[PDB]
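Enquirer: Given the coordinates of chain 0, work out where chains L, K, 9 and 3 with the ligands should sit on it, guided by the hints.
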Amino acid sequence: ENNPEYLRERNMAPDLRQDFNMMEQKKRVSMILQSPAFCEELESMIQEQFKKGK
Amino acid sequence: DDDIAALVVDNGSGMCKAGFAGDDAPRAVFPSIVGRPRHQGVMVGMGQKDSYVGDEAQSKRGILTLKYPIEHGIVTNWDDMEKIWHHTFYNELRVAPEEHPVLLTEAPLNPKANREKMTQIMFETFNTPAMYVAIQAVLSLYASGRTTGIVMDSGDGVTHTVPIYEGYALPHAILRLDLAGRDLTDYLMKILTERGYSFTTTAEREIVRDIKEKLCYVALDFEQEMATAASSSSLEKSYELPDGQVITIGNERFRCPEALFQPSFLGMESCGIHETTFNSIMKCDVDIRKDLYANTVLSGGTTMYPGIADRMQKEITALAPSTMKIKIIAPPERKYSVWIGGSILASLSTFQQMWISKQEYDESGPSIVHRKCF
Amino acid sequence: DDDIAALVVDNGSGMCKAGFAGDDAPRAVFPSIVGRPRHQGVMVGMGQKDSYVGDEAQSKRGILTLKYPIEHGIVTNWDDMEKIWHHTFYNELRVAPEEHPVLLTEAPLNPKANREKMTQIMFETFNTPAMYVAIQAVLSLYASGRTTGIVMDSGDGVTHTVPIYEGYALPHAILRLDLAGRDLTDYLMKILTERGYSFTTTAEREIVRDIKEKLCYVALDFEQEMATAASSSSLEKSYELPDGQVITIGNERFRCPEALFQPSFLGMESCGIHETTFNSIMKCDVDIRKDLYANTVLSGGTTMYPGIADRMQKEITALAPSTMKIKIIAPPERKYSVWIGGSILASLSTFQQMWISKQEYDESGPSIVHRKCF
Amino acid sequence: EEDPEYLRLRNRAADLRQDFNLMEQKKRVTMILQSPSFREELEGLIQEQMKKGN
Amino acid sequence: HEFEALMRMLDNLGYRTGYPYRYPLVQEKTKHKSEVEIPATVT
Ligand SMILES: Nc1ncnc2c1ncn2[C@@H]1O[C@H](COP(=O)(O)OP(=O)(O)O)[C@@H](O)[C@H]1O
Ligand SMILES: Nc1ncnc2c1ncn2[C@@H]1O[C@H](COP(=O)(O)OP(=O)(O)O)[C@@H](O)[C@H]1O
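Chains as they are written, first to last, in PDB author numbering: chain 0, 30 to 83; chain L, 2 to 375; chain K, 2 to 375; chain 9, 26 to 79; chain 3, 363 to 405.
Chain 0 extracted, bound-state conformation:
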């Protein structure tokens, strides 16, 4: 029980730990990448915005 993984955990403020647990359960980043249509849509958005840039 001497590794730093224990260390930060008891140096966590409790609410930050619980927010980590909740957004761990929530998994937003995985859903946004797994959805095909919105992913390739935002790819098109940034691509032709870059194309308009130079």
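Take the hints with a grain of salt, since some may be wrong.
As the list claims (entries may be wrong) - Derived EDC-like pairs: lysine to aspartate or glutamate, alpha-carbon spacing no greater than 16 Å straight-line: (1) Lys336 (chain K) with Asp40 (chain 9); (2) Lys113 (chain L) with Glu99 (chain L); (3) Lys56 (chain 0) with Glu334 (chain L); (4) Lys326 (chain K) with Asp292 (chain K); (5) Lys52 (chain 9) with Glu399 (chain 3); (6) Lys336 (chain K) with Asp44 (chain 9); (7) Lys56 (chain 0) with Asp24 (chain L).
These are calculated hints, taken from the structure and not from any lab test.
Expert: What follows is chains L, K, 9 and 3 with the ligands alone, placed relative to chain 0:
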């Protein structure tokens, strides 16, 4: 890409978040404070640094003068930001900056010299291979799953509302307002002095901020709620100070956030947040009004007060035209959303053309960031 | 005498002053102290009392524990406060309070309930017909002859700077600092220990306060004056104690008042008075700052140090922009100026409408003072 | 002597007498009061605090 | 006089006019001394 993940570093005015791209959770979130000792140290062998940064500084609040490097969304101490970035890279994550790309977020409207200084600092000293600068309010809509809508953001620095139309930030309709969490904390002190409790040092400001975070809510109707609070004592709650004393907040719980809706309490002559959002939509063209009223996203640290959603909906309904589609979309994780949007944006394969190489910076100076990143 | 004239009572932490309405001078000025015997008393048949009040308490300092009823501008022992007010009404003025109205002064920012207490023990016990409560620093501006300006009042208990525009004060720009003359007396007693002289009891604190009133001044430049004291011995004065001993304070004459401008000597976080009034000015609007620089008025007992005006003007001019003009206003009778302002306020014919009637108090309880007094 | 005026002169210190003479010479209250313009200007100003408070 | 006044007001709109003034304009607030006001008394 596969071997190395870009570092997602969100530099909020009050807190700093850091993690790896493609991951759900940031690895380290810590306050953006730097403290210097204020008393003479007489113990020879216990070890005293010149300055404490981050959570170590906030642990020893009693012997430090806490200073914030970011003031009203404007950096006022650049070497202090060098310290906070050094603490982020080396201590919190234990990763070298020269082997991974970094991603930086920024306010929608900042001076040009600020962007130039961030680019110069990030390339000259840390020697990062690739960096990119993104607007803070844009990434929240990407985290929302949306490409069209109005984004209201409120942190410890400043509160601004922007419209986004298929990923385009309209520069004319972006509106700014100086109602942040720090001003609410100062007003909480100013109204706490009525009951008889006095806080004056920078150490107690964290106590007052914790009181604001834990015991506040937004009244749906102010006039009825003041009569309710005067009639009975059921609204009063007790808080237990670090030295063991117990205070009763009572009436002030719905008086602290009310400065957001009526800025005349703080002496500011500006309009409320609801009028700011209404005027921000009013400045755009007619064609996109329908999908701005029908699509509103709240984000930022200040927007997690309980009951802010219904009050915001009612106040924006009172100003909208008749039979108008009005809806407020507030995610529960609304003040971790900027990091989520940054990791999402860094995760894509077509994003890799956004990176600024070291050769490009060396050729074109610090002014290349504005031409490369529009 | 033919008509009932109001009583103007100025009540701070240090001394209490009382006089009649429209008079040039207050009739009674005496320290606000209540003393109680500590030693065994064996002399039967002669004058002994269980408590001494007023100047009689300071006469027999050697057999009492002096106890100030007002601490940091807040009343902490109400029985001694009632005893002080009884001695004010009957022993000094020798007029019954039921015939005449009374006017009281009070600090700008304070606990709310104090005002209620000042109501309840004034109508119920003394049976006054009417009273009124006014902020202390507004009366200084009224007595100076100006309706617009910023005023600093630093009494024995609390320091506060308020800006007033068109004779009608601004609540949001009020700055209050808990640094006054009593803390200066304690600091002087602490730094007089280093020379060898020791002062520990209450009578010794009174003697040290007398030493401070006799031999102190504010240096125009701290470093230059300190080097001057390092060069020669021309900055030495000899004070003769009531015992008959002679002490030579020397270097400490300009170190005791310097805590007003550098409160880091006491360990307090807040900075000096000059930047305090500078921040009070900066919290106001831009348009009114021009009148605020030209109408700075000093008041209170602590502001009678020699050379306070020049040092204050130099510091506030160093802080102010170069295009702006600075004017300090130092009345030669500033120590009583608040009371003089009260005499102005009790003579106006419109002020007859301001009085809180006894019937109104009986109808509305002790909470009438918040709605009636501004 | 037993007269309270003689004791009044006997008790109080020199600086209180000095201040009393100093602020008896200038007569600030009279100068504010009998001067018409300033006096009736504060008259009016107190009138609008009555108007404005309730 | 009329054209001078028109150039003056147009200059106050923010317009840059090269018209120089035969009679220039002086703006002074001035001040009325009042005996009730205490002097500044600074040195
Ligand atoms: N759980 C909470 N409840 C109430 N207020 C909160 C909560 N969490 C954060 N805040 C407020 O949000 C502020 C932090 O905002 P933050 O999100 O760090 O701004 P930024 O967008 O610049 O990062 C703090 O001052 C705090 O008052
Ligand atoms: N001539 C003086 N020189 C230096 N300090 C003084 C002088 N007169 C009074 N003081 C300080 O000011 C204090 C009195 O302040 P005062 O204005 O009477 O307070 P208040 O009137 O608010 O009760 C005294 O305790 C003393 O320390």
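Enquirer: Quick check: which numbered hints come out false for this structure?
Expert: 2
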